[PDB]
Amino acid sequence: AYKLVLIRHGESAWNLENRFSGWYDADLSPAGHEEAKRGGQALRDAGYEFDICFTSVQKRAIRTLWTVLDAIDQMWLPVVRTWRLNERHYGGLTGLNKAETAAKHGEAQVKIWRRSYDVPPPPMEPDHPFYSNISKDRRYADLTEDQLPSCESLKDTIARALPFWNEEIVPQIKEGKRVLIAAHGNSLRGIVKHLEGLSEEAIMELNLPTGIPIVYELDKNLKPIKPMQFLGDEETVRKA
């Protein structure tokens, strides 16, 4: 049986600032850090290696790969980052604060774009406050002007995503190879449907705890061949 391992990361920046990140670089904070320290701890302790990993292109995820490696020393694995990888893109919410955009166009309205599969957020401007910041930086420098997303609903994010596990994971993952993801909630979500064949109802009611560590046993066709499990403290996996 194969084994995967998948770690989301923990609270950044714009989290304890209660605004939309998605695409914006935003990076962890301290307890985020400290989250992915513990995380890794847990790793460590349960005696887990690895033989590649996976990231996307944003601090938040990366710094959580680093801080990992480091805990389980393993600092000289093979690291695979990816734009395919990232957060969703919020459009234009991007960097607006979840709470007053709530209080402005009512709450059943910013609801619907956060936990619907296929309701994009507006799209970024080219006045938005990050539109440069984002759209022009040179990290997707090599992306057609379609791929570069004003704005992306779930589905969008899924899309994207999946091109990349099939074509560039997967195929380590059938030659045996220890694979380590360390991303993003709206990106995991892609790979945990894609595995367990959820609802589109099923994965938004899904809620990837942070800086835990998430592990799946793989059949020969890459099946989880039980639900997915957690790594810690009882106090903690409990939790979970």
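Positions refer to the first chain, counted from 1. The term rigid core refers to the maximal set of C-alpha atoms that superpose within 1.5 Å between the two forms. What changes on going to the form deposited in another entry:
When the two forms are superposed on their rigid core between these two forms, the C-alpha shift of 2 Å or more among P163, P123, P78, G106 belongs solely to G106. Once you line up the core between these two forms, the Cα of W14 ends up 2 Å or more from where it was.
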The other form holds:
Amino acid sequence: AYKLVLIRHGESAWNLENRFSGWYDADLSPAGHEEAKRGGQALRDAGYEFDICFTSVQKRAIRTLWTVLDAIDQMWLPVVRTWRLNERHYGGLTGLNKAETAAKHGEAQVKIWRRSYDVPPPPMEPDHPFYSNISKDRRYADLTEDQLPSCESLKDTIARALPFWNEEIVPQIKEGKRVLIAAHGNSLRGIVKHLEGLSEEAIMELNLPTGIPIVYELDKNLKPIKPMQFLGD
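Got the form deposited in one PDB entry; could you also share the form deposited in another entry?
The next block holds one chain only.
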């Protein structure tokens, strides 16, 4: 009867969550920060305790985790960060709003990318304003040329998140360690897809709420014994 909690960060600065923020290291907006505080407050009111926390290397998820740990008085917990829990890399679309994306690539192609599980957007090229900012960021300096994405389909995102789940998170859960994961929509999709054994179509329709603790009760085989629960009013 292992217990697992996931939280998806809230709003990021400059409307970036509506602009394919992806691997660009946008901070939380004050509103996104307040959401995290409400979620942490919900975990406290419910008396939740953790033994270890996992997050991405992106500050919007990390600050979400910090806000939560602060709210529940568990700032002393071990924290593990990994690029593998990063948001999906949206390639050349990173930073563009809906109108700019449509104008640049056309409604037909945008619809195809939106509904596809395995078609990536175009690569982020050297002329992209974020190209050097992301690709040469020191935090990814140890990644092999294979590992560092120029773009990702949802399938690619899920493919690189799962090995971390299996090799680092699973063992902790099986040891009775109470895990908290603070990450992004698409990396959490990968975990939820594997947990509940959803299909590609189903995972693409799943939209995890932000700033709300997501609770899983898992059996001995790390299979959910009930549907995901949310904490709050």
